[PDB]
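Starting off, we have a lone chain in the form solved without the named molecule, written out as structure tokens.
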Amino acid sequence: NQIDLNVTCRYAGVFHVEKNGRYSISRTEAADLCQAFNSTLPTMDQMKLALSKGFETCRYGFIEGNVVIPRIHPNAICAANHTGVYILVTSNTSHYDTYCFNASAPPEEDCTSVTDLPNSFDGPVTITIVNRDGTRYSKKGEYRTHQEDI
């Protein structure tokens, strides 16, 4: 009973979380997941400021109200070569990665590793935070409050 959560650097508090190496998070799961990191789904304004500090990914993830990809450099296979906060307009499907916003993070680029999941609750799952540099932090718990996400 295991969940891997791959996380990035934080940029003005915003970071990306990919679960189990594939698009697998619903909107309800995303809010609960960010809550376990003492975080929330970013607003569009918080995501635009994170972009301006150096944040970009090549993966769709929830923010408040939309599913987006922040892009700095144009790449043909990432958000159809767009730059800026690219908003997903048309999709048949409901599961993506998520972004999260932690208000206590540093104001600009924070590429230190994540070593805590401070607000997870009691549960049976081995949850492992995987940083980009491979360092890991694991704890037994749960973060999903909606049964349909379990």
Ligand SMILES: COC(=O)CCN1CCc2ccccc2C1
Contents of the next structure:
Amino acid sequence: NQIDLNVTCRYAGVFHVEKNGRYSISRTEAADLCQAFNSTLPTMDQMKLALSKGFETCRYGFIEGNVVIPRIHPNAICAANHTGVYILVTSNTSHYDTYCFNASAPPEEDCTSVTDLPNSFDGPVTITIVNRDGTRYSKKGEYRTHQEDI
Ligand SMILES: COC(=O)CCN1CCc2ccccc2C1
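The form deposited with the named molecule bound, contrasted with the form solved without the named molecule above:
Below: every chain and molecule of the assembly, starting with the one above.
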């Protein structure tokens, strides 16, 4: 009864979260996950500012209203060599990573570790935050509010 959450640096408060090392988050779970980090799904404008501060990934994830990949450098295997906030247009499937936005983060790049899931609720799951440098923080709790996600 364990969930690993891989988290990135924040860029203008925006970060990427991947659950259990694979595309595995529904739209509803993504909102609940961001809420657990006292965050929200980013708007497109928030994501564009994050991009301008250095944010890029090679993974699809939810924002408010779309699934996107922020890209700074063109790479053939990431968003088909596009740059900018690449919007996923056509897909059969519903599960991705998520982006989240924390307004209380620093204004530019913050590559410090994340060491709390401050708004998790009581529950039986061992939830582990994993930072890119390997630092880990674990707590027992839950964050999913929709049964179809459990
Ligand atoms: C930046 O997001 C990506 O393109 C996927 C990279 N993942 C790769 C795995 C990983 C593990 C822990 C914390 C962060 C990350 C970042």
